[PDB]
Every structure is written in C-alpha cells, then in structure tokens.
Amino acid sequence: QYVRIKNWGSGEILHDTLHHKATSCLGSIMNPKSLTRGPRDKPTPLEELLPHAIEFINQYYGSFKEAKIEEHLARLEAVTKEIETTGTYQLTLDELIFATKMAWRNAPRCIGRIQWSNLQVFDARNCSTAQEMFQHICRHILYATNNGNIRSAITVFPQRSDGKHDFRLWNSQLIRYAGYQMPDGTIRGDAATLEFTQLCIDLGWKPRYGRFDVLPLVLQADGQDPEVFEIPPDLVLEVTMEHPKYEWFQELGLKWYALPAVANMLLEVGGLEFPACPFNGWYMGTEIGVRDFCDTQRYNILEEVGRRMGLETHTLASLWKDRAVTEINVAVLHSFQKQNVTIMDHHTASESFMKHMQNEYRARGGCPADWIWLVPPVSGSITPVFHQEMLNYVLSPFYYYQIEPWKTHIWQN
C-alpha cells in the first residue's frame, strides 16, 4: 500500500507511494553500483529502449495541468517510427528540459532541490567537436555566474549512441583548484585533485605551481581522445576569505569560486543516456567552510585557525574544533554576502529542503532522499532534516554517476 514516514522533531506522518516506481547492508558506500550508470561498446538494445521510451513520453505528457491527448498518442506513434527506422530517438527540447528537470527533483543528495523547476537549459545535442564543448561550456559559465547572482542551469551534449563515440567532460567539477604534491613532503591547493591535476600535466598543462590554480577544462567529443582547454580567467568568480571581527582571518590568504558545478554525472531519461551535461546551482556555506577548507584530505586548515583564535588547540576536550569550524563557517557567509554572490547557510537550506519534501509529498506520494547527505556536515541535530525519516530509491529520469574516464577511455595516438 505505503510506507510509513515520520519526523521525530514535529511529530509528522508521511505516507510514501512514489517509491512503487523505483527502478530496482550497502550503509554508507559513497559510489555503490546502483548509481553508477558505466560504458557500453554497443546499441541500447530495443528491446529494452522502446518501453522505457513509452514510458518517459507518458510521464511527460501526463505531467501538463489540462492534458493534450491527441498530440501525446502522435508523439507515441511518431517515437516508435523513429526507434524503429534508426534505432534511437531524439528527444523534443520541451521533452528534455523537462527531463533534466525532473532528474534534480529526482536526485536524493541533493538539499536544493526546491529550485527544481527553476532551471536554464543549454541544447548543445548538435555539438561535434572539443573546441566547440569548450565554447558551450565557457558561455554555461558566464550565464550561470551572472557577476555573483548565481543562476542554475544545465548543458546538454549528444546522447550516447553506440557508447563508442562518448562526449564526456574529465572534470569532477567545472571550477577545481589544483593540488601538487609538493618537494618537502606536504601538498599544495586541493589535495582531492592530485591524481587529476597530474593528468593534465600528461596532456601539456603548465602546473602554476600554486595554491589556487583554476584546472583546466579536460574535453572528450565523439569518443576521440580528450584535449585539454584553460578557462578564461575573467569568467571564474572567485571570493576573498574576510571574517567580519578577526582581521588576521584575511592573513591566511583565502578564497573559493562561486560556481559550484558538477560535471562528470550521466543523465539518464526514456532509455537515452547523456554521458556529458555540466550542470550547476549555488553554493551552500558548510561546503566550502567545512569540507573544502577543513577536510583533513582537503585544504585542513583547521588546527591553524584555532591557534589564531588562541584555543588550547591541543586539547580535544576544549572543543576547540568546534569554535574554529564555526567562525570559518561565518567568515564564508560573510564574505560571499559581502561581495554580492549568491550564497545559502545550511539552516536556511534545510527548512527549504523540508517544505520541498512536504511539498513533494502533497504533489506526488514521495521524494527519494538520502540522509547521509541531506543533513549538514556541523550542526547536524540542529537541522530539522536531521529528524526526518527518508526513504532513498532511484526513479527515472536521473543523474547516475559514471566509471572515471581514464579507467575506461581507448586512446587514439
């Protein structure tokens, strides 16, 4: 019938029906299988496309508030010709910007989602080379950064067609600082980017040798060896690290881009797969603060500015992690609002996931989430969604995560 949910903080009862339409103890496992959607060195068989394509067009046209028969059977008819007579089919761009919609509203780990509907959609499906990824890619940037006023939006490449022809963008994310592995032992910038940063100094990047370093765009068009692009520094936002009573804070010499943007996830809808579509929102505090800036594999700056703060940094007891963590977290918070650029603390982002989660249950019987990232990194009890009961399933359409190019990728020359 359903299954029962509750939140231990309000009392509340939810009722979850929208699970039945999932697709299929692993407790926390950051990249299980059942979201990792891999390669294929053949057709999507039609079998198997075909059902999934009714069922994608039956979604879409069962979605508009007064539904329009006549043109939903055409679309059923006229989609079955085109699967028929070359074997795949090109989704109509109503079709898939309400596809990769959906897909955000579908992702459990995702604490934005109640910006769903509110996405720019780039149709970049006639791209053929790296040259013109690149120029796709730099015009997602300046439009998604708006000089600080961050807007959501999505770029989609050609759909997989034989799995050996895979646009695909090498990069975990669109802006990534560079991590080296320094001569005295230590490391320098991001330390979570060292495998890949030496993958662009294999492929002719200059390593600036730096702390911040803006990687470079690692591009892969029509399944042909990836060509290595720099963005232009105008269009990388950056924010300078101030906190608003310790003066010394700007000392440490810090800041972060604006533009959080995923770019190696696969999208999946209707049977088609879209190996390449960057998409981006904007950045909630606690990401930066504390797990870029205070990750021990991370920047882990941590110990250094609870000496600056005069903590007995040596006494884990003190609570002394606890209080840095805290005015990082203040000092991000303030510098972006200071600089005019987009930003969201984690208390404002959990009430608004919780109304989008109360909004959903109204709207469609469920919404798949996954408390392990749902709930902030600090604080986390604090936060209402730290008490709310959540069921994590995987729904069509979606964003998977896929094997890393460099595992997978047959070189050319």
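Residue numbers count along the first chain shown, from 1. Whichever C-alpha set is largest while still superposing within 1.5 Å between the two forms counts as the rigid core. What changes on going to the form deposited in another entry:
- Annotation for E12: C-alpha shift of 2 angstroms or more between these two forms, rigid core superposed.
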Given for the second form:
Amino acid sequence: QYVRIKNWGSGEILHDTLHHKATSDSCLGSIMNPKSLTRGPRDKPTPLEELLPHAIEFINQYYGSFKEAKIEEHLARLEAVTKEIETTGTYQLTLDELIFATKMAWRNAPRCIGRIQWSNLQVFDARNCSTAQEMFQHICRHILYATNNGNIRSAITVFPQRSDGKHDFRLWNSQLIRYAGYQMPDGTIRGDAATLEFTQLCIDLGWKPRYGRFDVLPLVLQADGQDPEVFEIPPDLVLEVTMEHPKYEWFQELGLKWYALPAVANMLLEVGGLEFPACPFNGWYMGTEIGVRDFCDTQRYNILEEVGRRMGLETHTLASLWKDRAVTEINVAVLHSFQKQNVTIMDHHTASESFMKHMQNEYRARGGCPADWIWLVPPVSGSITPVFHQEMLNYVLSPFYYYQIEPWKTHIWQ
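Can you switch from the form deposited in one PDB entry and show the form deposited in another entry instead?
This part shows the chain on its own.
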C-alpha cells in the first residue's frame, strides 16, 4: 500500500505514496531496520527440508575451509549431522564449527568497519546454559574478559540455539552496558534519551531508578521461555572513561564519561539453518561512536550546544561552522581520554584505512565483501575517509547476525 519512513532525529513518521509512480528500471538502503535484515519469532521448529540443505551447505563451507581438507571427516560429519537431524530434528555444532560460524557471521556483517579483526575473536560456549542466573554469570564472565582492564578483547558468548521457538534465550537490552534515560519532572530528559522506553521497562520490573546521567542499566534476561529476570551489573565490572580534553581544561567540568565496552546484546546468529537469538558480542569502540553519535545526536546526550558555547563560537550562526569545530574537539576529548586511561579505541581514519585493507584481502580471498556504505562511512569527515570513495555491494550471506523484534513486544506473561 505504502512505505513507512521514519526520521530517527525527531522520531517523526512519514508514509511514502509516490514510489508507486516509479520507473520500469527503489533502494531501501536508507532504512535502518528493514525486514530483510531481521529474523523474527516462531511457534514451530525449522522444517527438516529447509534445515537439512542449510546444514549440509554450512558443513561444506566449514570443511571447504582448512588447507588440505579432512574429506573423510567431512563426509562423516555430513553423514553424522544428517543422522542427528532426522533423529532429533535440530542438530549440534562441534565447538570448532561454532568458532568458525561466529567469525564468518562477523565477517559477513555488512555494517561493521572492524572486520579486519574477524579472525581474532573469543567464543564463550554457553549452549548448555538453562537459567537466567546462569546467563548472568556467563555475561559477567564476558564483560570481565572483554574489558581486560582497558585492553579490550573481542569476544562473543553464544547461548542455547533455537529449539521450537517458544523456548528462546533473550537479552532484552540493546547492548550489555548501556546508560539509563529518564523523562524528568521538569520536562527535561536525563541520561541516554535513547534508552527511555527500556528504562521504564526495567522500572516496571521493580528496578531502582538511580536518576542520573550515567546510570548503567540492569541486565534484563530471559531463559528458555520464562519471563525476564532483572539483574544489576556489578559496578566493579563496568569500566568507564571520564571525558577530558587535552587543552580545554574546562571540558572535564562537563562531567562526561562513557563505558569502555561496546557489546551488542539483542542480535541473532544464524548458521547452517540453526539460529541463536542470544549471543552478545563485542569489539572495541571507534571514536566517532561516542564523540559524534552518543554525545552529539539530538536524540542522545546532545552536548553540541554547550561545547560550542564554552568554546566561544557563534552558536546562533550556522554558517560559522561551529558545529564542525565543536564535534572535532569532542572527538579528540574521547580519543584522548581513552588513550590517557589506556582503554582501547580507534579513530575513524585509521579504522577506515584498515577496512580498505580488509576488502582488498577479502576480495582477493573469497571474491567479495558485503558492505553497507551508509553504515561504514563515519558520521563525520565522510569524504576525507577512503571508504566514502569506495563502491560497495550490500548483501546478506550465511552465517549472519540478524536483528530481531524487540522481545517485549512478542512475549508471554505468566
């Protein structure tokens, strides 16, 4: 009938009607959460006829990897899995297979710039997990390991796969560590405005609202199918960096800081027909994530106004390019503060250059590299970056990290 279009800044929604008068030649590239990138719920297992080929394909992928293939084991695994599939329905992956799966899924993530590190990933096997509290422990082990007291390490903790579709392990948080956002009495908004709805959710499940600008939200976990059990993260585990500029001593007066761990929580790992709706992973920050998006987005902390004022710029004259000046200084603050406190981070330039190197390796190696330009190009200094001038094809392979429907919309309340 029509296509929905949302503005993530003002949150406004529009309905596109014109597209119908298009030519006999409509890219959805600009869309954030397209259905083609999401993998929703279920009620029944994966039909054998689908599951089987996917499984075989995957096993062919894996065994087709290593130099000098283990043909016998290849055939054996193929045979063993086929058997296991007909006997149980679903099937279990050899640890070394998961490792390969997680790395390939990352390698296949078109919206990630850090993919040159695809082979350096730590996998935590939590497939035998069965309770929320047990998830919580694995997560803490994850956060602890990843943080490594500043020297951030990329890792992913894979929880139990999907069985029937009503026994899903799910983290309700956007990311492992994330600040809270409260709509205060005086009409304002404190904290991360992006985590507004979710915070209310935590509140609704009896969470204690600490009402600040940097209150780390609680881990909302759900095991098997059972309702979400709220767990607060041990503050000793949450490492942070206090923001301070190398020249503007007044910058620390802003009382700004941010967590050192960028760990995605709510994504789904698809591999060989199987799907793990819970498998938080982490890399390390890229300056612009915090400096540009987190701190300067209208929908987030929105600090541009005053960083500009405090810099003495003509904040009431767009043409003065003060926003360009401020943001840059915020970016250095972040980079400086992370560097100073020995917490891993990479600026957007060195990051882009390494990605360009990644593609070169990728194309020469497997002949391609799924890339989402819109996501790969840094939120600032676009063309100054190599990736801006690089043409790319955005396509979904397998294994893959799909988005998924926010669990609180599709959940049972017993």
